[PDB]
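There are 2 protein chains.
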Amino acid sequence: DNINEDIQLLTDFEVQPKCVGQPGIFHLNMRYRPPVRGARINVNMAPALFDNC
Amino acid sequence: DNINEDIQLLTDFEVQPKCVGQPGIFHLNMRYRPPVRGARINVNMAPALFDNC
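These protein sequences, in sequence, are chains D and D'. A prime marks a further copy of an entry chain.
So for the first sequence, the entry's author numbering puts the first residue at 449; every next one is plus one.
So for the second sequence, the entry's author numbering puts the first residue at 449; every next one is plus one.
No wet-lab data here; the hints were simulated from the structure.
Incorrect hints may appear among the rest.
[Claimed, not checked] In silico contact screen, one side only, chain D' against chain D (beta carbon under 8 Å); selected entries: (1) 459; (2) 462; (3) 466; (4) 471; (5) 474; (6) 495; (7) 501.
[What the hints assert, rightly or not] What follows is a list of derived Cβ distance ranges for each label pair: (8) D:498 / D':453: 54 to 64 Å; (9) D:496 / D':453: 27 to 37 Å; (10) D':472 / D:451: 31 to 41 Å; (11) D':454 / D:499: 55 to 65 Å; (12) D:480 / D':467: 47 to 57 Å; (13) D':471 / D:453: 51 to 61 Å; (14) D:488 / D':467: 54 to 64 Å; (15) D:481 / D':475: 25 to 35 Å; (16) D':459 / D:488: 51 to 61 Å; (17) D:490 / D':475: 56 to 66 Å.
[Unchecked claim] Over the 12 Å line for every Cβ pair with chain D', so calculated as not near, a few chain D residues: (18) 458; (19) 460; (20) 469; (21) 494; (22) 496; (23) 497.
For every residue, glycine included, the Cβ atom is placed at its ideal position computed from N, Cα and C.
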């Protein structure tokens, strides 16, 4: 949808309070869309027999 | 005379009103020319006797 807003990387400094976050710790949030299984295909056949309608 | 315009085939959809014609019904018009009997031969003999007329 938006790879820029789906994957975010923050340091531990911008997640934890002031002077509490530790250096070298990162927080990666990834909002991805995996393939789905595919459960049912509801097919609705509608035979058309008329030519002038 | 014209075999294309003498033999015409229409579906029932292009003959009946909208959504009224039934599928699988055809209308064949054939305007043919049958042999005629042959009733009389009016023969008109005209003997010609002159050479310079």
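Could you say whether the range 54 to 64 Å given as a hint is met by the Cβ separation of residue 488 of chain D and residue 467 of chain D'?
Given a distance of about 34 Å, which is not inside 54 to 64 Å, the answer is violated.
Cβ separation of residue 454 of chain D' and residue 499 of chain D, checked against the hinted range 55 to 65 Å
24 Å, violated
Report holds or violated for the interface hint on residue 471 of chain D', using the least CB-CB distance to chain D and a cut-off of 8 Å.
It holds, given that the least Cβ distance between residue 471 of chain D' and chain D is near 5 Å, below 8 Å.
Indicate whether the distance between the beta carbons of residue 480 of chain D and residue 467 of chain D' respects the range 47 to 57 Å.
Holds: the Cβ-Cβ distance is about 51 Å, inside 47 to 57 Å.
Between residue 459 of chain D' and residue 488 of chain D, is the Cβ distance one that fits in 51 to 61 Å?
Given about 38 Å between the Cβ atoms, the range is violated.
Status of the residue 495 of chain D' interface restraint (C-beta, 8 Å, chain D)
69 Å, violated
At a threshold of 8 Å, is the proposed contact between residue 459 of chain D' and chain D supported by beta-carbon distances?
6 Å, holds
Close enough to count: is the Cβ of residue 462 of chain D' nearer than 8 Å to one in chain D?
7 Å, holds
Is the Cβ of residue 458 of chain D more than 12 Å away from each Cβ in chain D'?
65 Å, holds
Let's test the interface hint: is any C-beta of chain D closer than 8 Å to that of residue 474 of chain D'?
12 Å, violated
Is 56 to 66 Å a correct range for the gap between the Cβ atoms of residue 490 of chain D and residue 475 of chain D'?
Violated, at about 40 Å.
If I claimed the Cβ atoms of residue 471 of chain D' and residue 453 of chain D lie 51 to 61 Å apart, would that claim hold in this structure?
Once the Cβ atoms are compared, 56 Å apart, the range 51 to 61 Å for residue 453 of chain D and residue 471 of chain D' holds.
In summary, the numbered hints that this structure violates are 5, 6, 7, 8, 10, 11, 14, 15, 16, 17, 22, 23.
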